[PDB]
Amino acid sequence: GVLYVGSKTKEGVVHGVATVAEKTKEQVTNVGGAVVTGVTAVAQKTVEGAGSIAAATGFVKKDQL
């Protein structure tokens, strides 16, 4: 007996990201690491699993077992 007349739904949504860079100097030297200087939009609905990285930006993982 359910009805959907014109309904909307947003689950795990990235919407409307605006970015402007004008005349920006930028100098990076990197040795064995992560350097992030840009736009990163991640939209997910379901992430299941033990010990799992669902969204990583600028990540360094060096584990011993």
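Positions refer to the first chain, counted from 1. Only the largest set of C-alpha atoms that superpose within 1.5 Å between the two forms is called the rigid core. First, how it differs from the form deposited in another entry.
The one residue among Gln44, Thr24, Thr57, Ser52 whose Cα position changes by 2 Å or more between these two forms, with the core held fixed by superposition, is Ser52.
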Given for the second form:
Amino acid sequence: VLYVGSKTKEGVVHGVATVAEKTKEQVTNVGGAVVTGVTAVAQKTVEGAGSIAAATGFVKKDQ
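For comparison with the form deposited in one PDB entry, provide the form deposited in another entry.
Since only the chain itself is given, any partners or molecules it might have are not part of what comes next.
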């Protein structure tokens, strides 16, 4: 009834670093899903029935 929010976080992704000092990487993906980078994904819903926040690097072949 008397709501006082102050710096309240709801669905927050923060401070997501990566450091790659002299990193060698080779990818030869053929027909699939490959993720090697940083994915920082935050979400918030109201009346969000059946909601997903990440679908990183996946292969969907539903029949």
